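> Each chain is listed here by its residues.
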Amino acid sequence: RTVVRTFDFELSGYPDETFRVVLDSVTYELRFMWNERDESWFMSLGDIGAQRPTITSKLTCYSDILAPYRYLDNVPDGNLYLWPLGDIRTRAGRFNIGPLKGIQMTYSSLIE
Amino acid sequence: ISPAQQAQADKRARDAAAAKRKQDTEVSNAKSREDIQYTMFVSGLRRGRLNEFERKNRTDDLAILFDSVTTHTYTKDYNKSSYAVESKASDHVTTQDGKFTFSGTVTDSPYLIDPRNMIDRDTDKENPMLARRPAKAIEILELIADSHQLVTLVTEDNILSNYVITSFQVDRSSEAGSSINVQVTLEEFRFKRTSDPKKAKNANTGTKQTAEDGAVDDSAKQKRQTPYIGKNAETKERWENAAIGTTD
Amino acid sequence: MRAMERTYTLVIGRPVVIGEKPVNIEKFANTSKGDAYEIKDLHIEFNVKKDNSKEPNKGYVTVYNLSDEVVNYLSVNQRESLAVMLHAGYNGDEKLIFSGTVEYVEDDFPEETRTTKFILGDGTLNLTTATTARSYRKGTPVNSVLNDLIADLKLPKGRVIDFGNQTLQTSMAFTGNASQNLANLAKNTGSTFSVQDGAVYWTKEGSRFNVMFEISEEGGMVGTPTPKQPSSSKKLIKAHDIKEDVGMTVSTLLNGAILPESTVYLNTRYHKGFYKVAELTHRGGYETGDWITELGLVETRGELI
Amino acid sequence: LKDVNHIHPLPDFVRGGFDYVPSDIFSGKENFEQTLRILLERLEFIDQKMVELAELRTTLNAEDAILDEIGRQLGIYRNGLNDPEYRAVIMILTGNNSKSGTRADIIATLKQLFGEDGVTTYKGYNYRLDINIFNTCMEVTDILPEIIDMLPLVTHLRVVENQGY
Amino acid sequence: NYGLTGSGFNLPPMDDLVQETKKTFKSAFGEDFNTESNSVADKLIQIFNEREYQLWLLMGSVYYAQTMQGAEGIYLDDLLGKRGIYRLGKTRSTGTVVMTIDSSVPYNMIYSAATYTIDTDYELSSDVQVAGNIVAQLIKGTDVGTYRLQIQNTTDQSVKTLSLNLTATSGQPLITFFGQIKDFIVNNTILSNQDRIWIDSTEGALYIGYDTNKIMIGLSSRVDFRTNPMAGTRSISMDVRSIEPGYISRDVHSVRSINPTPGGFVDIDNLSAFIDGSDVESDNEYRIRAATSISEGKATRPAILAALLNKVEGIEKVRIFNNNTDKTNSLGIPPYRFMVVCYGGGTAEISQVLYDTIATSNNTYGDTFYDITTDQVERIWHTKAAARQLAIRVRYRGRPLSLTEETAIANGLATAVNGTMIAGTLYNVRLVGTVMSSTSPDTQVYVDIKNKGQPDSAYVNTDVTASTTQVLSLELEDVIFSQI
Amino acid sequence: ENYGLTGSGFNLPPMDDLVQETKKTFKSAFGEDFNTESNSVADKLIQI
Amino acid sequence: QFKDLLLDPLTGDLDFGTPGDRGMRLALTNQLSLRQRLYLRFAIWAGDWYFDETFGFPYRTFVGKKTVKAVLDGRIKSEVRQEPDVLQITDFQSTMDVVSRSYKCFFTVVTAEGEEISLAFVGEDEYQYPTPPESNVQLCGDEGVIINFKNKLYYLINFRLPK
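Chains as they are written, first to last, in PDB author numbering: chain dg, 7 to 118; chain de, 8 to 94, 97 to 201, 210 to 265; chain dq, 1 to 209, 211 to 240, 264 to 329; chain dh, 7 to 171; chain dl, 4 to 146, 149 to 379, 382 to 449, 452 to 493; chain dn, 3 to 50; chain d6, 4 to 166.
No wet-lab data here; the hints were simulated from the structure.
Note that CB positions come from ideal geometry on N, CA and C, so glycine has one too.
Among these hints, one or two may not hold up.
[What the hints assert, rightly or not] Selected chain dl positions facing chain de (in silico; Cβ < 7 Å):
hint	residue
1	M17
2	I293
3	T297
[To be verified] The calculated DSS-like cross-link candidates involving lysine-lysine, where the alpha carbons are at most 25 Å apart (straight line), are:
hint	chain 1	residue 1	chain 2	residue 2
4	dl	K26	de	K218
5	dl	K46	dl	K29
6	dq	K204	dq	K54
7	de	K225	dq	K33
8	d6	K68	de	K29
9	dh	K117	dl	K85
10	dl	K29	dq	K296
11	dq	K157	dq	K58
12	dl	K25	dl	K46
13	dn	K46	de	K240
14	de	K218	dq	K95
15	dq	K95	de	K216
16	dq	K157	dq	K27
17	de	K134	d6	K107
18	de	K253	dl	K316
19	dn	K25	de	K248
20	d6	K6	dn	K46
21	dq	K95	dq	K157
22	d6	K80	de	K27
23	d6	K155	de	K29
24	dn	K46	de	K253
25	dl	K332	dh	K129
26	de	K225	de	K240
27	dq	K40	de	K27
28	dq	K95	de	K38
29	dg	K107	d6	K6
30	de	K38	de	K27
Same shape as in the complex, but just chain dg:
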């Protein structure tokens, strides 16, 4: 399953960010919510103007977020991962997500 890096993300730290992104020539809308007690980011994925999000999950490092969901016509077939740029023991935080902040959220697409 050859895959190539094709997109990177950044977060400003606002607890209720929402924006639209284009992946594999298809367009999706994303929502990020910050959880206080669990100090983690909650990601919701869905179609543009959809009544409810298609997928909701909790973000973690080195875990394949989309693994159990590559069976729907509206879910990207690529790979979405979070891995750190600094010390390997650093876990995902609020302000430490970005191309140079410490954590590299990235999307990669299979070659077809």
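Mind docking chains de, dq, dh, dl, dn and d6 on chain dg? Use the hints.
For chains de, dq, dh, dl, dn and d6 alone, kept in the frame of chain dg given last:
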């Protein structure tokens, strides 16, 4: 021409360019910190306004006092439809922004040098004219106007807030030598991250593309990939290339 | 303490080349040198209208006192279609507001001030040259015809509402520009087709999508809403009934995160309810002028797709 | 310096919220406090049980009434096993999926069932292997079937159990 | 809307709950009820509401605790525990060090394990004896008399002796003496060693286990070697581990001291990076290890073949044989014991690798053994192939080859050293191809092969096959050419 | 000296070695008691 | 919080450290960073650094010329405020001697201290991942539960008897 002039034109360009780096930099940082709050005391002081003048420190709530203020005026405006209304239809009126203007003076021979005034931050006690006070005031005045600070005015009767400076004038006429006459004009401002999640509200950022010069944006601009610092190259290496691949 | 001041950015990239896959204006931003020609602190006047129809969305721009190098780079490529993106916001962020190709460019420099002009088209090249040649027999499912024609158009699919188990009643043939053929299928099946900021949108008339936007005095509204007819003419009526026929108008501070096919909620003191969007117009004067957006709303009477 | 597991009862939940009384306006009135305390203390009970709903579902502490559900997902049925050893078999079978039956490996799996010094293993020339038990804490006959499974395809095994050396 | 839906678990903000409960209160007492700012009911309801925000957040956290993503801490173990993977605890760093010793330190002296510390956090792995652990030697200048030389054969276990006289302290006699010592050593151990020992005639010194730049790189393996007149400076290899478990790392040339200095000590340094110790295993590397478990193969013939080639400072060749039917078979083997043949892998270091063998697989056959502690201690067996050198003669018709042009041909026949144990057949046609390849293009060519020392009548053209425990070998100086 | 064109061919030094003598010579100017271990600020600079 | 290589306040060379802990150090505390940021800003004469003609201080304007003390103090006091993290300047004693023609001023600057935002790039981690159990403790219990109970009983027997 000769090389001697090329070594002279550079000096003309270098020194002139250095001027923007000084003035242009100061305004940039002055806008990059919103903690500071400027205030102006036009009259008011001795009729019990001292109660709030003493609150002003020397680091956050800077205060400005002029050596003398001659006149200050406050005005508001409204407008209405010039055609007969259909009848009650009392909504045919609008409110404009209130204006405030005053005239003042700064002198080389001050009578009161209270250090709390930000004009007198580091003015000499015994030689006021060598301190060059009028030059101190102008340097302060341009910075406040240029950075677009929301100034607060303390006046005889009322207190006004969220006022921005739109114009001011300075002159040194033959009469009243060793002093400068100053005029200012202000108008209202109907103004309407690290934040508590409980106060957060759903926001939007529109469509977004690849963010910042990353490992993928570098390829788009033909920049060479940033080498990885070898803090550890045994664990991630087997997994990084297999799962994330490389931009190519 | 600061004020609330405007900000913007304008980017110019490589010529756009259509190939054998969907076109994305994003990937053409970088120039051969790498970083693109960015213009930030120069007085700019622009007008960008958007709609849901066959025609592409077009926007106009004007820039004063450009450097000679940038103008030279546009004197060249006058045979080619440079990619351009525009951003706007308030001193803390800038939302994408338009993306397309430079259809026209001219320079006039009388004495004191040069004034560059632009005319930009949202996918004009694809919508006006994508030929097709297709046919189908009696019994073919209509849902297959729709997907076949869109793939020909070579644009990303923003959103589509399939027809279900609909089937063709008569043999069909399609030629010429693909966009024209699709716009004809719209009339006979009650569907709206319109490309916008590179995204293909296929929806059904009368119906609408949640409250993706709320308008109120807190949301920077400008004046009260007023009722305005959505068309410059009236149609004869039996008095499909589901079609449009009513609307309203609203104005708001510039906000690029809105599209013609979206849905908005209107929280005012007189008018309250949900509406579709039908038209957008973005205006802007950096040093002097408005920085607002105008929305033309249309009432809905269909199902909540 | 901090625990990674954030699922814990909220420390001093009750005194919080009371901290949001604006300026001690009602404090010391003994009529509003009781009304507020009675309502808040109800959330205490619910807040506490939120943990056990997650803590108790782990295989380490799961009780037999629900441990069967965990085993059911893995195909390991109770049969006649009792709770203390039913936990053991679940661990043993699951751990078998990443094993190779080496001498060092076999010692590791037996290590979890008999403490540190409770087990030893002799080896023989012709496929002979021996297992010795010194400090068994559970009845072994029912555990025996699994003890065969994690051994090479051709092992020849003897089992002897005794208390102490 | 915010609770359980068809796409996972969501989170509500505070304001939505506030508005919902305020609407409920409004309905309770009509539209006239006040609920903003100044209402006592407002102060009760808002204070009450914020707490259930915590409950909702905690509940949302609980749900993801049983999913491939979101698991943390103790809960993470249960998820990956189903697949038989457990976190690693505290670990102790491991490594090896070498030190030079003065000429006067006797061979039989043994260092006490529990009376030294390398540095602030390192100590001897176990007891160490000087004899049998020499890795490199330097002899120079000051050394007339009679000298004895001893060496333990690396294939057999018979000690060999040599006798020589140093009639002169410099010059061609000294050069010849050094060359004789070189020939003595190279005939044992492995041919790769000869590449790492030479004589610097300009200085009249002998270097053992160094490179052309005079850097101690060490021989191919620890050995025993002695001279009755203890000349030069000797170097030995020690095994070192950290005192307490934790995190610690050392570089290729870091170690520099010993606290209690032993008499005759000269210097000490590293040869390669240590296997650094680690603290308690973290979640990220735990997931990474869980992901890369596919390549973790063991207890299979391909697995054991791969493991040996990637876990030994050597082991140029390896082959295995099987006998599992009630009898010793043609090849001398017990009924149910494997056979492993290696080349240049040492004894102790390779023995440790053999713990990947299937449990209950007896294996344990060969000519050399070693004991490894598991706890119980067990013995394993193996053998080392006995190299057999060939003599090759080349004859051809054409222009005479010039000196230094035969180097390419000689090194070209290095392929002869790539034959496999037993199943090694020269296929002289291959040699003819090679000799005609490592040269400029362009009449006739022939190759003759015979065992070293045989008379010229032994030259033949038929291909040769290695014995059961023999492996082909060839030296550059054993090549000759003839024009025809 | 063993780097570059040499008549017998062309020799290229690997990444690891160049660090080794750079640290060695760099260490020579300040003595052994000079931290150069992994993740140290000095080592990070040398790698770049 | 601007990070940079630490400069020794006493000598001007890099602060390699004491002989017991020789190495390299980064400026972490805002005080140390600001000190060197002012030192370099004042030590480099204007225009003398290539790659940046606008950096430095124009000493040539004043040195060697008949100058007014008041003008110099303004420029000295202005260059300081170019840093974005300077709160204020407390005092300023500018004095000039005409005999030796020397000029020497004194003043101090006040700056606050900030937080570290993220520790990912510096050294350590703040979490406390758990430790795996040892031996058959997990499947059969732990002895410490007995030891703690025995200690509680012993201490309670100690408490009741007066002492």
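> Each hint should be assessed against the structure and marked as holding or not.
Going down the list of hints, with the structure as the test:
1. With its C-beta approaching chain de no nearer than about 5 Å, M17 (chain dl) sits inside the 7 Å limit, and its interface hint holds.
2. With a least beta-carbon distance of about 6 Å to chain de, the hint placing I293 (chain dl) at the interface is held under the 7 Å criterion.
3. With a cut of 7 Å, the hint placing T297 (chain dl) at the interface with chain de holds, because the nearest CB-to-CB distance is about 6 Å.
4. At roughly 20 Å between alpha-carbon atoms, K26 (chain dl) and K218 (chain de) fall within 25 Å of each other, so this suggested pair holds.
5. Between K46 (chain dl) and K29 (chain dl), the direct Cα distance comes to roughly 15 Å. Compliance with the 25 Å bound is thereby established for this hinted pair.
6. For the hint linking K204 (chain dq) to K54 (chain dq), the alpha-carbon distance of about 15 Å falls within 25 Å, and the restraint holds.
7. For the suggested pair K225 (chain de) and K33 (chain dq), the alpha carbons sit about 23 Å apart, so the restraint of at most 25 Å is met.
8. Distance restraint check for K68 (chain d6) and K29 (chain de): the Cα-Cα separation of roughly 23 Å lies within the 25 Å cut-off, and the hinted pair is therefore satisfied.
9. With a C-alpha separation of about 18 Å, the suggested pair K117 (chain dh) and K85 (chain dl) falls inside the 25 Å cut-off, and the hint holds.
10. Between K29 (chain dl) and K296 (chain dq) the alpha-carbon distance is near 20 Å, which keeps this suggested pair within the 25 Å criterion.
11. Using a Cα cut-off of 25 Å, the hinted pair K157 (chain dq) and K58 (chain dq) holds, with the two alpha carbons roughly 20 Å apart.
12. Note on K25 (chain dl) and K46 (chain dl): the hinted pairing holds, with a Cα-Cα distance of about 12 Å set against a maximum of 25 Å.
13. As the CA atoms of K46 (chain dn) and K240 (chain de) are separated by approximately 22 Å, the hinted pair is consistent with the 25 Å bound.
14. Restraint check for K218 (chain de) and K95 (chain dq): satisfied, since their Cα atoms lie roughly 18 Å apart, inside the 25 Å limit.
15. Note on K95 (chain dq) and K216 (chain de): the hinted pairing holds, with a Cα-Cα distance of about 23 Å set against a maximum of 25 Å.
16. With a C-alpha separation of about 17 Å, the suggested pairing of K157 (chain dq) with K27 (chain dq) holds against the 25 Å cut-off.
17. About 20 Å separates the Cα atoms of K134 (chain de) and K107 (chain d6), which keeps this hinted pair within 25 Å; it holds.
18. Only pairs whose Cα atoms come within 25 Å are accepted, and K253 (chain de) paired with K316 (chain dl) is accepted, the gap being roughly 21 Å.
19. For a cut-off of 25 Å, the pair hint linking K25 (chain dn) to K248 (chain de) stands: about 16 Å separates their Cα positions.
20. For the hint pairing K6 (chain d6) with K46 (chain dn), the CA-to-CA distance comes to about 14 Å; that is within 25 Å, so the pair holds.
21. Taking the CA atoms of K95 (chain dq) and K157 (chain dq), the gap is about 21 Å. The hint holds against a cut of 25 Å.
22. Distance check on the hinted pair: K80 (chain d6) and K27 (chain de) sit about 18 Å apart at the alpha-carbon level, within 25 Å; holds.
23. Distance check on the hinted pair: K155 (chain d6) and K29 (chain de) sit about 73 Å apart at the alpha-carbon level, beyond 25 Å; violated.
24. Distance restraint check for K46 (chain dn) and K253 (chain de): the Cα-Cα separation of roughly 18 Å lies within the 25 Å cut-off, and the hinted pair is therefore satisfied.
25. Among the hinted pairs, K332 (chain dl) with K129 (chain dh) is consistent with the structure: their alpha-carbon atoms are about 21 Å apart, no more than 25 Å.
26. Between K225 (chain de) and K240 (chain de) the alpha-carbon distance is near 21 Å, which keeps this suggested pair within the 25 Å criterion.
27. At roughly 18 Å between alpha-carbon atoms, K40 (chain dq) and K27 (chain de) fall within 25 Å of each other, so this suggested pair holds.
28. For the hint pairing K95 (chain dq) with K38 (chain de), the CA-to-CA distance comes to about 22 Å; that is within 25 Å, so the pair holds.
29. Distance hint between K107 (chain dg) and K6 (chain d6) is fulfilled; the C-alpha atoms sit about 15 Å from each other, no more than 25 Å.
30. With a C-alpha separation of about 16 Å, the suggested pair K38 (chain de) and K27 (chain de) falls inside the 25 Å cut-off, and the hint holds.
Violation of the numbered hints given earlier is confined to hint 23; every other hint is satisfied by the structure.
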